[PDB]
Amino acid sequence: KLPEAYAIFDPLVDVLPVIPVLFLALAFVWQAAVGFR
Amino acid sequence: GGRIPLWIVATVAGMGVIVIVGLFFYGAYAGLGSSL
Amino acid sequence: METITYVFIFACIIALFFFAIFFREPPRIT
Amino acid sequence: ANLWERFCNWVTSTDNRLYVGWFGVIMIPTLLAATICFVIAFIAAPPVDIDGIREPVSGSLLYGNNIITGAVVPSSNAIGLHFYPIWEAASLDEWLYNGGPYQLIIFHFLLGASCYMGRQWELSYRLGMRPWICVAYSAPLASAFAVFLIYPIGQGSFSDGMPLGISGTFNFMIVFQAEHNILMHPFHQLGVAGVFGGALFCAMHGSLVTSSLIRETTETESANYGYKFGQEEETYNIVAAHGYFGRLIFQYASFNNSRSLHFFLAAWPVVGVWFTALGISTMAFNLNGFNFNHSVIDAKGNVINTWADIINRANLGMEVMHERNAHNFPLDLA
Amino acid sequence: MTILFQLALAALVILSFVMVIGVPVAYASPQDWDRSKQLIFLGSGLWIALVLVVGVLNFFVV
Amino acid sequence: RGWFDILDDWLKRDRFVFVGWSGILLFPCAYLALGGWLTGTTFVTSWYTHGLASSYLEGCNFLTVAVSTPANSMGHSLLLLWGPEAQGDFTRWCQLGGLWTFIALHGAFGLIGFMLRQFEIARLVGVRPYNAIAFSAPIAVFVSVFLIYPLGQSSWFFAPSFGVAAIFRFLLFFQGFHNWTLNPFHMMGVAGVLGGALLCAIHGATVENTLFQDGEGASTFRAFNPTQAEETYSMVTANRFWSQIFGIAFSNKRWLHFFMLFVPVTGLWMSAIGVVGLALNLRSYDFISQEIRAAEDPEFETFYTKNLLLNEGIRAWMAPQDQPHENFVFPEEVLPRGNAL
Amino acid sequence: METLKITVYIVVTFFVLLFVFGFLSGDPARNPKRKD
Amino acid sequence: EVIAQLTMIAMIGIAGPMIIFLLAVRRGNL
Amino acid sequence: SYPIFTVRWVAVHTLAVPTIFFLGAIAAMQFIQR
Amino acid sequence: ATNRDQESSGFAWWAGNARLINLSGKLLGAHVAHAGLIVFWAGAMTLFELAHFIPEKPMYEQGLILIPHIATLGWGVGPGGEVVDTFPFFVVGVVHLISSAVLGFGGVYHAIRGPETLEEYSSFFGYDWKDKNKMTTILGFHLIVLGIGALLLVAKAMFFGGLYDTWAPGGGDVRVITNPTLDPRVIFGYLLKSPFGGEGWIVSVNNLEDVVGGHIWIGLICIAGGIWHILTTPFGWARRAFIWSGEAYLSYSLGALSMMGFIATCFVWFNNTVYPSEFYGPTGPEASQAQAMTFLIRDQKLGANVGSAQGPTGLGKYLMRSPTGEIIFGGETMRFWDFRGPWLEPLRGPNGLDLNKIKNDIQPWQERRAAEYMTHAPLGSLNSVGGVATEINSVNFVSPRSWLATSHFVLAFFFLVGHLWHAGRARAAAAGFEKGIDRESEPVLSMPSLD
Ligand code: CLA
Ligand code: CLA
Ligand code: CLA
Ligand code: CLA
Ligand code: CLA
Ligand SMILES: CC1=C(/C=C/C(C)=C/C=C/C(C)=C/C=C/C=C(C)/C=C/C=C(C)/C=C/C2=C(C)CCCC2(C)C)C(C)(C)CCC1
Ligand SMILES: CC1=C(/C=C/C(C)=C/C=C/C(C)=C/C=C/C=C(C)/C=C/C=C(C)/C=C/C2=C(C)CCCC2(C)C)C(C)(C)CCC1
Ligand SMILES: CC1=C(/C=C/C(C)=C/C=C/C(C)=C/C=C/C=C(C)/C=C/C=C(C)/C=C/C2=C(C)CCCC2(C)C)C(C)(C)CCC1
Ligand code: OEX
Ligand SMILES: [Cl-]
Ligand SMILES: [Cl-]
Ligand SMILES: [Fe+2]
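Protein chains in written order, with the numbering used here: chain A, 1 to 37; chain B, 1001 to 1036; chain C, 2001 to 2030; chain D, 3001 to 3334; chain E, 4001 to 4062; chain F, 5001 to 5341; chain G, 6001 to 6036; chain H, 7001 to 7030; chain I, 8001 to 8034; chain J, 9001 to 9451.
It is worth saying that the hints were derived from the structure and are not from the lab. In this text, a Cβ means the ideal position worked out from N, Cα and C, and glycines have one as well. Heads up, some of the hints might be wrong.
Beta-carbon label-pair distances, calculated as ranges [to be verified]:
no. : chain 1 : residue 1 : chain 2 : residue 2 : range
1   : D       : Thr3035   : G       : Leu6004   : 16 to 22 Å
2   : A       : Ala27     : J       : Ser9253   : 20 to 26 Å
3   : J       : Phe9125   : A       : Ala27     : 23 to 29 Å
4   : B       : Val1019   : G       : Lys6035   : 57 to 63 Å
5   : E       : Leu4052   : A       : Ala27     : 56 to 62 Å
Next up, chain A with everything else stripped away, as it sits in the complex:
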């Protein structure tokens, strides 16, 4: 388990590890905004 004061944040810490993958996906949304120059 976690703490109990930090127990309400269990659904938040369940999704944090995936955040690194999204930065790589962001590079394609952001370049599609500039049109692959």
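Here the structure of chain A is known, so what remains is to put chains B, C, D, E, F, G, H, I and J with the ligands in place on it, guided by the hints.
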């Protein structure tokens, strides 16, 4: 003929398929075909 | 007779390598 | 000048019939050692106990084999991963009985095979060429590293490596399926798509180029004489081939660019075989294919079999029969 | 102390979420690089205060 | 000027998706074979023909879904919808495997339509029909494996089933029962596949590393326009490289690209001939000299005999369920097993 | 066996030294190009 | 529960494209 | 300017219409309890 | 413009991070941005493991990789490897996570506003790839940093609580290391060991005295060479042998990570000292050795004389010999007779396993340790089904040894591909035919024919 940008629909349709296939991989652990 | 037949074919393929390399038809440019 | 400078000029000489090079200084002796030992072993080597249970296996022609069944047998399971050169055995007779030649061949081979890859970069550098032909050759090389070393390492014995024979390779594929279910692993599936598409794209590109040759010969002589070595002209109409293949599918499913096309022909099979090499290298550490045994089950609890449960039946048949005396305990964990 | 924690930590997350979207937009924007700068000294300087309190005030609820 | 030439003009109109006379056979047959497989793997079961689940509705994933072959009692029946078996019932038609013959037969004429599409388009643009000739290998493979092989055995039951996991079972069945790896026609077929994959990678890589500098960009893809007349890569430099590295090298572009047609196409044809032999159980299963020796010399062992013991295990363990119509019942004491395992 | 061991240790050492001192003998300058 | 995980992964997931869209409308240094 | 209903229109909608229909049916199957 | 399109930079969009080879400012912001992304996953994954953590179950039954990294350091575990306090795991997760924002704060700054060049902003931070002196000093700077981090590990072992030592007498427990082994005949004796069976090269380390003592030789060597490369410039023989370019340095590092990648793979698979079996699970050889002892105990309890038991092959059913004479277990596990584990060594004597101590000195904790490791052999499927390939679905388990070995082999190979790609390229870029052969000066045309 282009009133909404192509990169916007590219992400929307991209985010749309991410969810539907994830629903399929999720179903591998619940209901039928889950060995449980 | 089998062992002699296998090694004889193997020796021909190796001898074929020596001619196909050092006695090939030279490619020339024009 | 000095003789060392003259020697370095000969090793790197671009005028030799067969390029030597600094990689070649290592490649030539290691390969020559491996083939000479392999030829002699394949013909007249005595039987070898591979499984270490005092059960020798005949593998040479003079001991009752043909080209299909003959093989150089892996080293004994009593050695495992231990280094076993000739000078570690009390003689040659002991060396041949414990599968000695197998280690000497695959070691001198993988060494020379790696220097063969670097030799491809070396000559590319001396001729003004781009260097990435060696990278494409890394896919079949890494495959040889997987079945000859990476898998014996993960399992802990060279007796589990791929034998040096035609039927020996077939024995390696069957046992690998019973203990890892390689067919249900995605990396082998990606490897099949690389070799199936590789042959598909090979036949395709070969046909489309041979479909649009410029007419430069008669009907009496071969079409190949329409091309001459070293000519500046391209002997086939590229946009004519694009006009045909673009109408079979649709216009944007065809490559109008020759450089983008040959890159696709090089990319697809290389990264595909990279995966099937990585598939063998990962299953060496016992991360096997998908397991769907008894995964579908009815409202009561009866096992509704699928095609995966039938695959498990054939796998059980191979597993209970392979190495029929090498096991004393109910689990085969290596 | 008791609840002065799930408020400070939830205020920490709320400030973290508005910057992560707010900082980089302010970043490539020549709308007001001096007007749009002091809100970054304030937020980040406040962000350190919120992690410093939630950290040392943590020990009274652990 | 008649209706025939008016219809001929409409079919050959240069549109986005070319129709042509071949399309009348290709498009409806290709759409029903694929749509029939998608309808089968999504909804249709195989409980009364094989005793297996095989749709997404039953709980199977993309790997285990399949359109299983009909039961063994159905023989070589075409299993038509209006036929004497289903008698017009679409529900009972799916329950006995009508979709398998619906996919195999519609897909067979679909292949014929696609090859006729290659002949028709090649004539209109004025090219040589070598692409159509190369497609003969995937057709000979499909006919010998899905049609000539089951027609040689007992029924459509022992034909491949359209599924990812049902195809893996097909190979293991051929290893245990046919020793299909030992057949020299599969060996030549393997050489045609692995060889074509070798040529495909080595030709594309040689082209990418012997190009001329026709541009000012570090990514050398924009330095090409389809309307040149000069070669984009050096043929004489690639010849010297491979002459010194490997020994021989290509010197003719027309021969090189024909060789890439001959190797993979011939390989598939040879493997189709080996399957035609297996339909009659004409196998390359044994070496007689080996078996005469091993039967009277209990110390003679080769990798050939080790693999036969594996074949004897695959048969005795997968038969009772893979062939449920035979009603096989093997007690625990008759199952071939090694020590411990 | 010990005599054979010494020979291989000498042969292997001889070829690996030709390899190291070969590349160290100004290898990047051996190109059909600019030599530096 | 489930919603708590999905409610926030949507906010984490929308934050990305929001940055590229906000400066696209204000002509930022994209 | 451009037409709307072409042969390209039929070829697209012959595969697009059933696909979305199948994506909904397979979606409902993920919640089928035994 | 600003070298952010193909027309000005020469690189396409799929190779556009190469548009920074000579933009020291934007490239500085890229590395620190990626540096913050690792620190982010380091903390975000640990708190996830702690949230899903259960003390009653072993760590290898729950799919953890970093909590064992913290537990091996001696933080939060007591005797026998049992977790006694989860608070250290929480701090490591938060401090790594809180620190992820500060580098992300600067990685974004140096990449969007920061001076795209630093050569005119500062002579100290601005650099030239061809500047052999400026490069060796940045190398020397980071050498001292890594040398300090090496002495931080021994600082934890000798002064701040110590390390968890599985070889501790009477059971695993954390122990302060007081006599680090500094003998160069031993520390450097590992580098010259054969990497084959029975030797193991540096993977064979089996005591925290050698681990600790080896890390302080490395600590000073990186400090000495760090100062060395700050006060020196490459000699003549070093300049005519290497390529001095921005990408060439990247290729030298790719081949270094690839080598370190393969080394770490064999570490976690074979070593059970720095990768304790109580945390990561038993190794391959360990679990197979555990099966042979599990059934020796069972059959001997029923009256079997395991010493004279002849198996079907003629070799011993339970015990045999290695090719050098040591008494080892029998069966397929003969290949794993080099394994050494704290649960088995009490029964090992001068000539291998002692038959008398096997009959008398086997304890119930050894019978459970052998059974537990037997039922947790690193075998499993991709969908995480425990056991052999023919097992049915039930036990959700694959060993952390499997995830860590397979993953770091995939990377080590791909980085070997990265070396081959970028190294052969920097050669062809330093020459300058990296974009094609010149038509009017094709080299092959000036050479004599081969025949
Ligand atoms: C070019 C298109 C094409 C082709 C070649 C085929 C081919 C086939 N289909 Mg398919 N089909 C198609 C399109 C096509 N289909 C389409 C578009 C649909 C959707 C409705 C179907 C739906 C369908 C179903 C549902 C089934 C088939 C089946 C079959 C097979 C048997 C067909 C048969 O015996 O018909 C016989 C008909 C002819 C040979 C036509 C000849 C007519 C000539 C001109 C004489 C005319 C007679 C005249 C009017 C006098 C009247 C007779 C009077 C005495 C009563 C065969 C492989 C069956 C199958 O695969 O089972 C396994 C099956 O059950 N088809
Ligand atoms: C230390 C690591 C490192 C660094 C800093 C670089 C840096 C560089 N490389 Mg190199 N590379 C590396 C390792 C590295 N490489 C390795 C290990 C390989 C072998 C696999 C390569 C192979 C390689 C090639 C073949 C090429 C480069 C090129 C380049 C340049 C441009 C790269 C770019 O814009 O990326 C652009 C980034 C992308 C296009 C994204 C790719 C995404 C990958 C394919 C999938 C990710 C896999 C992931 C696990 C799954 C994603 C999950 C998904 C579901 C969301 C740049 C100088 C190019 C060059 O020569 O420049 C001069 C070039 O052509 N690299
Ligand atoms: C971790 C990996 C990584 C990193 C650090 C970078 C970094 C960079 N890239 Mg690269 N790139 C990457 C992956 C990466 N990229 C991949 C995967 C691809 C292939 C799709 C590319 C392809 C690529 C090309 C083709 C080019 C770059 C360029 C650039 C540089 C200019 C960025 C810019 O102007 O954006 C401007 C964009 C914006 C202002 C929009 C907002 C973007 C911000 C940075 C998002 C950050 C959000 C984040 C949550 C905020 C932090 C939180 C905060 C609280 C701390 C920059 C240094 C360019 C270059 O070389 O510059 C000279 C260029 O031409 N990149
Ligand atoms: C490798 C990392 C690295 C490097 C080389 C640089 C280099 C630079 N930065 Mg940057 N920066 C970094 C990380 C880095 N930064 C990070 C992580 C942040 C986020 C806080 C920033 C935020 C930042 C801002 C906001 C600005 C700079 C500026 C500058 C420039 C002036 C430096 C100066 O005046 O310091 C002079 C030296 C000192 C003040 C001495 C400080 C000594 C340090 C801080 C003590 C602790 C260091 C310790 C060893 C590192 C901890 C290790 C830990 C990560 C494990 C210089 C080019 C400025 C610039 O471009 O000029 C306008 C600027 O405005 N940086
Ligand atoms: C990150 C680490 C690092 C890196 C990249 C460098 C990089 C460099 N150093 Mg430095 N160095 C370092 C750390 C490092 N140093 C440390 C920690 C010290 C202190 C001991 C030194 C002390 C040092 C000195 C004293 C000198 C260098 C020099 C050099 C340059 C030449 C390197 C060379 O030719 O290698 C190639 C290596 C060889 C040709 C040696 C032979 C290769 C052997 C036989 C291969 C055996 C490897 C084998 C596969 C496995 C080994 C395991 C075991 C058997 C040992 C180069 C710029 C030289 C220079 O010009 O700098 C001024 C120089 O004179 N270094
Ligand atoms: C049989 C029959 C018939 C027919 C029918 C049909 C024709 C149908 C169709 C159908 C269809 C037409 C369907 C479709 C389907 C589809 C689907 C089902 C899809 C899905 C997919 C997805 C989901 C995707 C995936 C992916 C990929 C592919 C790649 C990568 C990514 C991803 C993973 C996303 C009729 C009645 C006439 C008659 C009688 C019988
Ligand atoms: C930890 C934490 C935090 C943070 C977070 C973050 C940092 C986030 C980030 C975020 C992000 C960073 C996100 C991103 C996202 C992205 C996306 C979502 C993308 C998508 C993609 C796509 C979908 C694509 C598409 C496409 C295109 C566009 C074109 C081409 C094609 C394709 C299809 C591929 C906070 C503050 C909350 C607080 C609490 C804790
Ligand atoms: C440049 C560039 C790029 C990149 C970017 C990056 C790489 C970034 C990074 C970023 C980062 C690196 C960020 C970070 C952030 C962080 C944060 C925002 C955090 C927060 C945290 C929190 C808020 C927490 C909370 C808590 C506590 C305190 C306690 C326990 C519970 C919890 C966990 C809830 C790209 C590719 C896109 C493209 C363009 C350019
Ligand atoms: O050796 Mn060749 O194969 Ca790999 O598992 Mn264990 O060990 Mn033997 O049985 Mn199954
Ligand atoms: Cl076997
Ligand atoms: Cl055993
Ligand atoms: Fe070509």
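Quick check: which numbered hints come out false for this structure? 5
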